[PDB]
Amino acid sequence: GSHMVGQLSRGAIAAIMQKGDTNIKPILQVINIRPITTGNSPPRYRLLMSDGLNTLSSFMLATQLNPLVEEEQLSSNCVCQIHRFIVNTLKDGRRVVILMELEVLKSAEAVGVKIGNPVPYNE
């Protein structure tokens, strides 16, 4: 409906990367998904996600959720609630947000556009 940016958890990305709270179950929009180069092992998917204010490209899907991308519709423009995630920190200091459980609330086709005008979060 109206006020589309009100559908997203504005401020959740800052909360995740500044406060590190994991109890939140934020609603985010998928902007893009791409495979990352891997083994030797199951494919891995990286996501550019938006909370309406910011985008962040450091999300990775847990491999158990790969069928959502391959088979169902987790795809660009869909709106999703993150039910479980963890943050992992690399040796170099970068952080990765691993999505463990998520629910598609609205399909890509039902949303159809990038909501709002989010800007990149500066890690």
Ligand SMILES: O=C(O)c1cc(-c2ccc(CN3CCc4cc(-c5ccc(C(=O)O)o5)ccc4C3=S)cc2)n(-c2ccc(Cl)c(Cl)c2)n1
Contents of the next structure:
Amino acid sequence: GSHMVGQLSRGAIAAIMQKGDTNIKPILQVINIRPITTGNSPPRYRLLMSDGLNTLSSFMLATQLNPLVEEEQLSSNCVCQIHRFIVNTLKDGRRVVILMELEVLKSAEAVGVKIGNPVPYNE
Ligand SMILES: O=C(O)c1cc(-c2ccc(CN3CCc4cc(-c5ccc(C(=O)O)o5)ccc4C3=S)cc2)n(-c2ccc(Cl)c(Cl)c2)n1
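Next block, the form solved in complex with the ligand, ref. the form deposited without the ligand:
Every chain and every other molecule in the complex is listed next, the one we just looked at coming first.
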């Protein structure tokens, strides 16, 4: 409905990156999903997510959630609530957000557009 950006947890990306408290259950939009190079393990999916203010490309799906992607319930434009995530930090300092449990609140086809004008989150 009207005020589409009000459907998303504006500021959650910065909170996940700046404070790292995992108690929040933010509502985010999927902007894009792609496989990463895995070679010889289960496929792994990387997501570009939006909270309405920012996008962030550092999200990875837990492999237990792969069927959501592979059966097309989880695709570009859908709106999701994250019920469980963790943050991991690489040796080089970059952070990865692993999505463990999530719920699709609105399918891609029911939303249909990138909500708002989110900009990339910087480090
Ligand atoms: O081929 C490419 O294009 C590519 C390739 C990577 C790329 C490679 C390697 C890594 C390292 N790594 C790997 C898998 C992984 C899995 C889990 C985890 C916990 C629970 C579950 C589960 O149930 O599945 O999984 C927790 C931590 C990791 C980490 S730190 C990250 C990222 N990336 C990449 C680089 C930077 C970022 Cl910020 C991201 Cl999200 C991906 N891109």
